[PDB]
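Here we start with a single chain on its own, the form deposited in one PDB entry, put down as structure tokens.
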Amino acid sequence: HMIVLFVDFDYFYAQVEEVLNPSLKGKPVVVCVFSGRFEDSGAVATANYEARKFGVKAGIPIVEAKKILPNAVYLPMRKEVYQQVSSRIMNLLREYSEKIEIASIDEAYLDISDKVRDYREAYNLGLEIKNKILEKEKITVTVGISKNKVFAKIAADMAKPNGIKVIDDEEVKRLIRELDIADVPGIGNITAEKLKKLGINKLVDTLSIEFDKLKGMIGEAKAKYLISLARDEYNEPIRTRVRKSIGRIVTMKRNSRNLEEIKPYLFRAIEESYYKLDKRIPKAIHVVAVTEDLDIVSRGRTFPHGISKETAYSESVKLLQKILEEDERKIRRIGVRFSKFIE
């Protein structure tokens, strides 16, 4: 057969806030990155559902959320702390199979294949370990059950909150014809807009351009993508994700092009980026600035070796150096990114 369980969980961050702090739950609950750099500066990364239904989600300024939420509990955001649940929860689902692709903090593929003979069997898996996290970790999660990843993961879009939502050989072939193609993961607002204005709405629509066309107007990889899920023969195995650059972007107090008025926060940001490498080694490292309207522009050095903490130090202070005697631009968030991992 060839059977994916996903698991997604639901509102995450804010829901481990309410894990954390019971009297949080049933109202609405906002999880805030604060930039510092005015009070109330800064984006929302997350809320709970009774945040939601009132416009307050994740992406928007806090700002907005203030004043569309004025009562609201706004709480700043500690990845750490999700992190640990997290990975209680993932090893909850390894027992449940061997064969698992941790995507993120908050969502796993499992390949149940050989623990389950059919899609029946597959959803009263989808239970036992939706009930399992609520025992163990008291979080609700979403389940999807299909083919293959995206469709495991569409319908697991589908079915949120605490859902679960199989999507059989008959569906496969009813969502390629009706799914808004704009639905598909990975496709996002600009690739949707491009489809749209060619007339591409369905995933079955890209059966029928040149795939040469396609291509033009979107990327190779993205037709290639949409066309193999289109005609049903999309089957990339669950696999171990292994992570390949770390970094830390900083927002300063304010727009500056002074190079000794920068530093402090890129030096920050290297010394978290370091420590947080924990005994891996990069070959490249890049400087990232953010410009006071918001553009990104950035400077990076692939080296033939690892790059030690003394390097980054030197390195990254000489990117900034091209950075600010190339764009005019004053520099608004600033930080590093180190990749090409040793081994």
Second form
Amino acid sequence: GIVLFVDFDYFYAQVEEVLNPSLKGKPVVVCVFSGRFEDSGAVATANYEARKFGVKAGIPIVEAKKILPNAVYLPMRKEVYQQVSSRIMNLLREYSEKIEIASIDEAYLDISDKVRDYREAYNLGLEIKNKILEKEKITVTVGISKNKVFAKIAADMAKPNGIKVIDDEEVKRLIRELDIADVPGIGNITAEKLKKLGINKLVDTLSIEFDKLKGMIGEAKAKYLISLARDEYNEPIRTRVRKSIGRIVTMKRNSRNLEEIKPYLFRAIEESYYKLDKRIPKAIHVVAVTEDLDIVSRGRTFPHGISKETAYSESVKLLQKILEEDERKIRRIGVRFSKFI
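Which structure goes with the form deposited in another entry, now that we have seen the form deposited in one PDB entry?
For this one, just the chain is written down, with no partner chains and no other molecules.
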């Protein structure tokens, strides 16, 4: 009946500002340095000082630095970030046990058991915001509404250190006036594909045939946006189990030579097993990105869990199969584990 969603503001860039106060009120850019050349890699997150001028997540470093020399570029630290994140989800757990952790910086709380209306929800939302800022020193945004999507949207509306309630009549005006672009779970690839055809707002999805929408953007997205445009979305705050853990690393030059790829592949296995942590996958996949960024996978499922040395030995054979089947040089190599027990 009532959902409370929490989103950590510019999370990666914020931990850095808290750990290292020499940085605040300044542009701060968290990067992934691929490993190849100088500036090799992409922006992973950026504070709002860096974002006003187009330095945002996804873009390359050599484009961020030409759009802003100036700023503070920082190697990513997912361990450090994950530490803080685990602690914050633990606080949130005490306000309600029904919690959907959707990612390192997002969570959904169903509070239809703890409050009576939205007014009691807003009070609780400020309270959670205040405890987090006191214990961790992190500003967060809270969205409140009737289903998950509208709680997230409300947070998207309030973003930098904000709180927002989207009640019932506001939900209805949003269906007619909200762009498809601003819908959680709908990226710029889908938005602009629909944009071409005049599908601009959420209500427009109810003006088009289902197979026409399906044949354009696929199954889930078609039913998803249709539910929402009618107001028939209210799926439960379900727990999230990771389906797969894998690592990919970039070589310093393209190679079709078995013995030269091996060191990188083995370095992926080590870090991947690190991440599994007491989990035991029944299945494994090797991923190679070739010369012209083309993706090739071979994997294998087992009637038992895979030991660390079995992976070494099996991953070598899956890399062989790729090399006999594809005559192109490989540029990045990695492994994926799934079908846990």
